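Peer 1: If you want the building blocks of each chain, they are given just below.
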Amino acid sequence: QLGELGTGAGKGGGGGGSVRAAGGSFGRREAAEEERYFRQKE
Amino acid sequence: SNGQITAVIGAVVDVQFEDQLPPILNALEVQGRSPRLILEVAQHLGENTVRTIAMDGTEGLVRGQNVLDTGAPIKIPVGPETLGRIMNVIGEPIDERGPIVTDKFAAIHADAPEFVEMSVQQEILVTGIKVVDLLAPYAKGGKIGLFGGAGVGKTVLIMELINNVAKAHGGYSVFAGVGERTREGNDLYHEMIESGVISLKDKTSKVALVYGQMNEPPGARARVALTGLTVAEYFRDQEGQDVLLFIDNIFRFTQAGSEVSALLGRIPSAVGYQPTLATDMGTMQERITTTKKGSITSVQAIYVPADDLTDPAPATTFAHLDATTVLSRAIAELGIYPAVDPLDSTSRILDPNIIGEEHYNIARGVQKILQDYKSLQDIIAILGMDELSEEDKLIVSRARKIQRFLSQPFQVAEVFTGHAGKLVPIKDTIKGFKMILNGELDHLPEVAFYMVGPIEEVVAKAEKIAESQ
Amino acid sequence: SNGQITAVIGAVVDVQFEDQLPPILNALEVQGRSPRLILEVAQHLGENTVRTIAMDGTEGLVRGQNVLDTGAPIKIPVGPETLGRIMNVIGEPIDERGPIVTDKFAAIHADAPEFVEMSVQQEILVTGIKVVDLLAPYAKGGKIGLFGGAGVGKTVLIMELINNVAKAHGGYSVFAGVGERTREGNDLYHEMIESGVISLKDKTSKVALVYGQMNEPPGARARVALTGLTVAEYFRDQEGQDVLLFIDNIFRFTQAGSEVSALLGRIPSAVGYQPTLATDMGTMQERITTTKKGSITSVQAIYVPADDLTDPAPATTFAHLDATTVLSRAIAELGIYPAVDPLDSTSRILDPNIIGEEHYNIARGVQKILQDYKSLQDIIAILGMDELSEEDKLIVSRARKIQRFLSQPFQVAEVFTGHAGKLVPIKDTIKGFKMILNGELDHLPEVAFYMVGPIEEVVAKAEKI
Amino acid sequence: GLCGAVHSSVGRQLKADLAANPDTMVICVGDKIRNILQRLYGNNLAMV
Amino acid sequence: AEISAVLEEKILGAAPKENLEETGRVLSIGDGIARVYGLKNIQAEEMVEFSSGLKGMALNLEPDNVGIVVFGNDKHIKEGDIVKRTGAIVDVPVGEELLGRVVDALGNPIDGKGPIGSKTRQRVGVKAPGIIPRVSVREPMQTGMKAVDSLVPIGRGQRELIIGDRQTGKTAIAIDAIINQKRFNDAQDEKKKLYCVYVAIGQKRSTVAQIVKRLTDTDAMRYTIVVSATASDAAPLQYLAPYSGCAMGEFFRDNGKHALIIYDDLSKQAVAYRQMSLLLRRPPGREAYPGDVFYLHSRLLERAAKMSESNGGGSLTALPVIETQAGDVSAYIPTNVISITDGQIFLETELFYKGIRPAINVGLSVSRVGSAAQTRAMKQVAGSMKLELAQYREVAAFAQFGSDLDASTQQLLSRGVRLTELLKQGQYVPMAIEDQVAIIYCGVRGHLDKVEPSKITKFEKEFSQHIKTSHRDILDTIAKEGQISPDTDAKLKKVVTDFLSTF
Amino acid sequence: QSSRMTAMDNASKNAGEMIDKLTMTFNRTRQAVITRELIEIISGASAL
Ligand SMILES: Nc1ncnc2c1ncn2[C@@H]1O[C@H](COP(=O)(O)OP(=O)(O)OP(=O)(O)O)[C@@H](O)[C@H]1O
Ligand SMILES: Nc1ncnc2c1ncn2[C@@H]1O[C@H](COP(=O)(O)OP(=O)(O)OP(=O)(O)O)[C@@H](O)[C@H]1O
Ligand SMILES: Nc1ncnc2c1ncn2[C@@H]1O[C@H](COP(=O)(O)OP(=O)(O)O)[C@@H](O)[C@H]1O
Ligand SMILES: [Mg+2]
Ligand SMILES: [Mg+2]
Ligand SMILES: [Mg+2]
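Protein chains in written order, with the deposited numbering: chain W, 4 to 45; chain C, 12 to 480; chain F, 12 to 476; chain P, 76 to 123; chain Z, 6 to 508; chain U, 221 to 268.
Chain W with its partners taken away, still in its complex shape:
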């Protein structure tokens, strides 16, 4: 309900490449793997 990252550009959560702009579940996958890598780094 928070507009999860990768759910769509202008659809609550998203912004970026074509997959992130399209949203759905692949944008969720892109946001999940990216945030997991940068949380591991920090």
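Treat the hints with care, as some may be off.
Unchecked claim - Computed list of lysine-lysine pairs in BS3-like fashion (alpha-carbon distance at most 27 Å, straight line):
no., chain 1, residue 1, chain 2, residue 2
1, F, 404, Z, 198
2, Z, 359, F, 379
3, C, 404, P, 107
4, C, 404, W, 44
5, F, 379, U, 233
6, Z, 198, F, 445
7, F, 442, Z, 460
8, Z, 262, Z, 198
9, P, 107, W, 44
10, F, 379, Z, 460
11, Z, 196, Z, 460
12, F, 445, Z, 196
13, F, 385, Z, 359
14, P, 107, F, 433
15, Z, 196, Z, 262
Calculated from the structure, these hints are not laboratory results.
Got chain W sorted already, so can you dock chains C, F, P, Z and U with the ligands onto it with the hints?
Peer 2: Frame of chain W, contents of chains C, F, P, Z and U with the ligands only:
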């Protein structure tokens, strides 16, 4: 001469004259009317009948009611007596501070300055906003457009530009509230009073406000932008001052023209609009310019309907602006404020020979990283972050650091968020983004770049995070 | 008085009168026609000329033909004499069984009952259909809509509702065939005389049939739903009965109104519809309600054009219904029948204080698993089943078992399917879905959950494999 | 990763070993097996 | 003006009597539009009366005829009927006599409870208050829902749009907001009382009867006016109903009191106004809507204002409802109302069927008043909640394919999951602001990390009962302080740990 | 490598099928937008 009302259909009134007809764009006044309803002649229908648009509510009008021709277009008070005052579309004082006693009046319809009068001066106007100053820098005396949908931050950005520029400008400023909330007009009026830009006691007022809001009829909302522009034109021409013209929202000028165009007997254009959309916008916008007599720095908020930048009203407005900053909902949803799209906002003075080679190269370098970041996100979705090679690892990491660093707390948005407002010099913005592009801060976390003014606060926030954790 | 035909354009006839104009909605009778041609006054055009809508074909009409004013709207027979009979839009019997001899008549145009005459009580009407009884239960006395495209199954679903509800019903039924197949009207009529609901021998009939079908002119198709309402309104009001009203299908009322509106000289509305789409529908639908005098349980099949739920005619019909049952073509192409969309059907009685806590929690639990399945289906489509190991595969396995278990063989579909029809009590339905949600049947194959009513037939089918 | 159901099903078979030999130390070659199995049996991981 | 009788009497030079300046005759009648010859002294938007007793409003004034919309069924209107001027534009009764009453768009009671003894009548088309008479929105308007009063707060004097698809909970938000004002109307504080007005446009009469049944059972009817223009009513009645309800709420706003208006829904009022415009032969625009359909909603919602202390200090709060088609907010009418109102509450069908009820999309819901519409205790805990939900949004995606996570990240994921389950709330049970603050404070301070999310609701009831009859001194301490001191934070944490040990 | 090869082969075929269905949906939506916009212009022109 004297005329009589023939038809009343919506905000369009047809009146018939017996003597010579009033010209187009003349102001007509209904006689048996208490709040001084004013009709503006739009077209001659033939058989001694002209068709008008009403500047106020049309309720209670009677066929046969006497209408008086003023012999001129809508004339509003202009001059220093309008500073610190609020005017409606027809120049009446709506701030309840008595009449506007002045000697100068100007018609709200005028010709644009000629090609001989054009000025080609282009110097960078520093606003303190890092994304604005770096990627799409504003020019002094140029036209600035704040594109965006609903809720993306056009109003907050134009309030921040008023706070950063109009408070310590030097020279008069004009705000034109065109078809927006009356609450926002009340909020801005009291913010100007508290800031000292409006003095209710002295004559040291700097800003003149003209307001036609959402409750106004389409005739008033389609002419109030010309009323604020007339005040700005008087300050530019008859005084030679440097004028700041803030307009919010300029889309309502176009929208109010489309509401009455069906009742004026016009076939609709594409999407649905007046067929005279580009011409009506062109005549209005080309009056807002820097003459050789004086300069008008214009900042216009532009509503983008349903976030569709290919809508005919935002699309026609793009060609009229030196600098355009597009506010994106996707940028705003990530938490980045201001929500300026870095790959959709352009400036005319973004040149190596205008802002310097270092400023241009860093700005192009930032936009290249952010564009490669968008290209790489599809590979991240499919291949994953595990298989990207260290080059694309540094591209993604520096892009997220750049994207977070474009955000900035606003002083006018402190009550919204709680973060203290920060003003950033252009030199600190160039140095800060150069450090991220060079890779000097690859060891810092990306959270340290979020909502911080300078790059020294990025280091301090990272040290605070490391010490606390 | 007496008028004369001025203009004939399709179903719209302009009649000019000399002395006194008939009011709007009055019925006019054309003189030189061997069958009865009825014109209904729609508007006054000026110069003592009215614009009317014909209830039959307008061929053979000449200009200047005499038109008689009946002085009243279209009055149709109402009462027990209409039970077991078939009548058209103007109340003429079309069953070839003689005239409908009655003393009671009623105009097909009536005002909707007022706000004072409203019943707020809601009780669940048990159907025997697992997807209906669980996710979007029907109210005993209320407006039920069956949204669906062409071929997804709405006539079959409404015939199953007649088979289940109307057979064991203490009251009267009314069927309004509105712009549908005349073959289906012949099939339903002989189904009634075979099931004993229509008695051709004595006066024990329990259903009144009103038929204006897709071969009728647009004037008849846009008014025959009002004739079925008027029969059902008499039973509710003048007798205090609990009435069943099956309308198949109510979209043809709106569609025929758009066809007439093109000839009425109106500026067309969105998607070419009439400007008065919502007002004409609202006037018709507000008359179909349960009052304090009596109750009407209405089931209305609703055709959607081009499988579009955003079309103005289905979209405005959504707000008129207590329970909606949206039938999907994608579900029907999966072989799941009835093809009810679980995430698009609502009931307005899906409340813990109305249907119970366990019924509500199972229905919300089913919808949560199916919504999670729809979110995961994009990963399943492109990448595949390799996702989250145990967790998401368990979600997919349970949701596919639920989707199979929502399907059910119908007794009215038994002719062309071979599977015997199942009537499932609602206690067995909520018990069956609770077993799937609890994970008690994860080891069973999902083929065992398909096209079997009770959950005991699921485990019996699994043992058979 | 993202080669299909390789690391997931192998880890699932390893989970079945954790339900059969809970006191057996496991030497893993790959981080994906470590990621899946650390939450369940981090006390019975020799080296990864 | 060339009709056969008028043309013929012009040839004869008859100079006819029955002069048509305060009266007229119908030329054409059809589809609720009457074209009337005469009425020379008539005004624009003026009420008229037909010879059958029906009322009408003159919208199109033309040299030949007058275009009049009909307030009811046009079967009574006939060509040649006499139309008389009322003399005034449309007005409705106003006052506190309408509290507890169900009325139509013209103010006539439809609940059968007798005549309304109103003393004053206001015209429905008054002009909105200007810049000077209104002050900034500062008083909280308590919806009673945790997801609204924390993330999308509503202040007294603010237009807040409730937008979503069909059957997403838009009426549920509005009715629960009306029910929540029972607490303040029972109290002795006159400043915090709110008189709700519910406007039902184009609904069923059984739906409105179910609304009145719900409001009477919860005893919310004593301060609620229900203006009802259902689907059976004429399109002019459904068009006029928001302005009638606004005028009834403007009586409270102009008399120092605070009122709340719900337009349920404004999308149907646009449909009714589109029908009148098309049948008045006005040229259509996008989706056949007239050009003035934006000015239709803008001149309505702008009358919702928070007046200054020199104008009595009263407020008018508007909650318009807009229905979208499959989530398409790019349509003509949803785009207009979004640009008018001060905020949106987006409701999604996907969130509705995932268990999230109310189905508020936090990423799409905005509020332009911000923390100024929240009390001091709520602002302290909603700011920390908004940060934690932002941090949870960053780390909520790890459940897709992640398997090993950091301990701090796992704590953020666990706390955010508790917060998402905290924002869920049942229907018809609005909770008080002190209960919302206390539960949210426990959610964001880690007091629920040891509790399974399935038992959050049971904790929300039982623990609130424990700190109600036993630790009411702490509640008085927070009420007098207005915020959460570190000593009070430690005391509440000790009660939580004591209760969880007993749990 | 065999599993990753057949997973990408299935993904490319499924993406290819989804491209074809989205292309037909795009063509239907493009044609519907052109037709709907022109009908709105015609209705505005005819109502004058
Ligand atoms: N419950 C069912 N069980 C099995 N098959 C079914 C069922 N419902 C529908 N069908 C299939 O779909 C076909 C369409 O049936 P039906 O006439 O009910 O559809 P409809 O929606 O009324 O379509 P139309 O628009 O043609 O009236 C049936 O002939 C049958 O093949
Ligand atoms: N928070 C909630 N918890 C549980 N059920 C809810 C909640 N909110 C709404 N509902 C239920 O969801 C259904 C639809 O909600 P509601 O009728 O309020 O939505 P709506 O948008 O007004 O619908 P419509 O389009 O019919 O007007 C109702 O049965 C209502 O009881
Ligand atoms: N600079 C900013 N910082 C934080 N939030 C912002 C900022 N700009 C806009 N917002 C958000 O947007 C809302 C106001 O948007 P607004 O500027 O009124 O949009 P518009 O210009 O389209 O009217 C506020 O509630 C705030 O949450
Ligand atoms: Mg704005
Ligand atoms: Mg059918
Ligand atoms: Mg509702």
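Peer 1: Look at each hint and say if it fits the structure.
Peer 2: Consistency of the hints with the structure:
no.: 1; hint: F:404 to Z:198; verdict: 53 Å, violated
no.: 2; hint: Z:359 to F:379; verdict: 5 Å, holds
no.: 3; hint: C:404 to P:107; verdict: 20 Å, holds
no.: 4; hint: C:404 to W:44; verdict: 12 Å, holds
no.: 5; hint: F:379 to U:233; verdict: 30 Å, violated
no.: 6; hint: Z:198 to F:445; verdict: 46 Å, violated
no.: 7; hint: F:442 to Z:460; verdict: 24 Å, holds
no.: 8; hint: Z:262 to Z:198; verdict: 8 Å, holds
no.: 9; hint: P:107 to W:44; verdict: 17 Å, holds
no.: 10; hint: F:379 to Z:460; verdict: 18 Å, holds
no.: 11; hint: Z:196 to Z:460; verdict: 37 Å, violated
no.: 12; hint: F:445 to Z:196; verdict: 50 Å, violated
no.: 13; hint: F:385 to Z:359; verdict: 11 Å, holds
no.: 14; hint: P:107 to F:433; verdict: 50 Å, violated
no.: 15; hint: Z:196 to Z:262; verdict: 7 Å, holds
Going down the numbered hints, you'll see the structure goes against 1, 5, 6, 11, 12 and 14, while the others check out.
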